[PDB]
Amino acid sequence: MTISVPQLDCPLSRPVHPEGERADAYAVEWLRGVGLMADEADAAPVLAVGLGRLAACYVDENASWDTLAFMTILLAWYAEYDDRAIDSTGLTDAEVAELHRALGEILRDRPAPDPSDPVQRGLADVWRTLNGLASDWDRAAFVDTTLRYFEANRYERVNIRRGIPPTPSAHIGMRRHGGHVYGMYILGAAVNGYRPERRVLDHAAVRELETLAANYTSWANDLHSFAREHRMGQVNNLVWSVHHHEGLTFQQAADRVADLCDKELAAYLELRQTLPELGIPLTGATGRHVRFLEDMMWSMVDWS
Amino acid sequence: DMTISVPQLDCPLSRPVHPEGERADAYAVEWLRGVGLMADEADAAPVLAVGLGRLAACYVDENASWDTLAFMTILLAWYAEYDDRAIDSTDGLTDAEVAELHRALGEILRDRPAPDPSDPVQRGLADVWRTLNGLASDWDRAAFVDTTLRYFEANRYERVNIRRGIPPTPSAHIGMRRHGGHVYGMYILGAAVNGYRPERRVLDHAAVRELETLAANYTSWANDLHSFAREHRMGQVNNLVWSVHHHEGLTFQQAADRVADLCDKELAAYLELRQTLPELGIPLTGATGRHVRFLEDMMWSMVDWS
Ligand SMILES: [Mg+2]
Ligand SMILES: [Mg+2]
Ligand SMILES: [Mg+2]
Ligand SMILES: [Mg+2]
Ligand SMILES: [Mg+2]
Ligand SMILES: [Mg+2]
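Read top to bottom, the protein sequences are chains E and A. Residue numbering for the first sequence is 1 to 89, 94 to 308, as defined by the authors' numbering. Residue numbering for the second sequence is 0 to 89, 93 to 308, as defined by the authors' numbering.
Keep in mind that a hint or two might mislead.
Claimed, not checked - Label pairs and their calculated CB-CB ranges: (1) A/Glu201 / E/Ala289: 31 to 37 Å; (2) E/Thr253 / A/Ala101: 48 to 54 Å; (3) A/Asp0 / E/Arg235: 50 to 56 Å.
Unchecked claim - On the chain A side, residues computed to face chain E include the following (Cβ under 10 Å): (4) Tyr153; (5) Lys267; (6) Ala270.
Stated by the list, open to error - Looking from chain E toward chain A, a few residues come up when the C-beta cut is under 7 Å (computed): (7) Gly177; (8) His181; (9) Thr215; (10) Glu268; (11) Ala270; (12) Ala271.
Quick caveat, the hints were computed from the structure, so don't treat them as lab data. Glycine residues also receive a C-beta, built at the ideal position from the N, C-alpha and C atoms.
Using the sequences and the hints given, assemble the complete structure.
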């Protein structure tokens, strides 16, 4: 709490979509039309989140307000679920298991089993808008990443109830599923109108480059949100874990996390440069996919 | 060169060896001469000292058939010849020859005959494939073929790095090394051979996935830690000691010490996840229990066998 989070210099630049602030208000609008917030709740603490500006970081400049609005809706729904169902506990394990079962039922195009639960309406709306804006994409892969995201959330809840942070290694492993970064990649492909060949996405080099990018993004998020997650007792934070198991001050832990981020950025750049020599050019959809991976890296730094 | 001191690795995982081990050793040589990977009157003492049959004994049950132990020895011997000729040497092979090797070996995995039955590696993989299909009934052949394709791609990556003469980033190497050793294929083959197959609803669970990654990391880093000298002489820069010394500014001794400490930390993490698994809804009872036990088998096998 009484520590100073270092900066992260990453050589990735990107322009923001101009309608960002709009989506902010729209976020609140949607957030009030679904049930995550109700009517006479101050929107200034919610506009300060900047849900629309992050969505602007995730879509092209030449994108529709429909697309930017959908990205804002999805990022707003993720924020409410992660805050309500994971970090507070609180909710019982039976309630969260039912939430997971029912949300996984929505992804199978079936109606929300409890349309009075606000999260059910929210995910149903996100799913219908996503199916309206997408043409050809691997829905099965996204549903699988969502199942693993739910399992990682259950893991996060186990650790939070234990009151202890996981091992740094075990946390790095489970954090890739805990943030749904692969689902983010799949949705960025489906939304922005590009889909790489599965003959490339399954390539080992592309696989490990995706893992490196997800590591950088999620560790940057942890480094920035350490204070907020530490106050709430959310021990699923790499700073928590490094301080706990490696015997470091919270300041030393944050510094080591920043250095690990720098090293992982170097690793990502090395792999990316090696990709063309392996027979994978960053030309067509693969190029846009790598550029979207890079988007989320810079987005975390500049947005946080 | 100078002198390096490989630290020891204490892991609280114990396992008995299959008794027919030494037998398999000789059998390995026999098979290596019956396929073309070994020629006529070549001294078997440098090959028996490898202990390909003893590792196979570490990978199968005590109460297992000589058919099973023999297939395990054949497979571990074929991996050793392929990995040494097609990866670490480049004498050497051209990139086109290795690309043809990969295409043809992946063609064997599609149940087609070896395109070049005079190439010893082709006969070897053909024999391994027919023996594997003879000893297995219902298993994920597709998953193993996918792991073999990624293994071949990681081999191409290893060759790119060796040709560059430079080791990759530690992180980039840890990421690729899991494919460079075919450890997931090893898990799949251990399931298929020893007569157990976990539910895909469990193997796809995130906890099981990351526990598999932890086990593979431990195994591969231990392998790197022990084979650093052999891979350093051969210019094989796909070694975690190489990479840590190169990019983190450490002595080779400091790099080996750092790799050993990372191995210790990853063992701790593996134990933490394994203990957490039942709370997540995954008991270590049926085939999942035997799967976790096989993961532990390879972690101990690396330490004790090397
Ligand atoms: Mg969370
Ligand atoms: Mg949170
Ligand atoms: Mg966070
Ligand atoms: Mg090799
Ligand atoms: Mg080798
Ligand atoms: Mg080695």
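Those earlier numbered hints the structure runs against, lowest number first
Result: no hint breaks.
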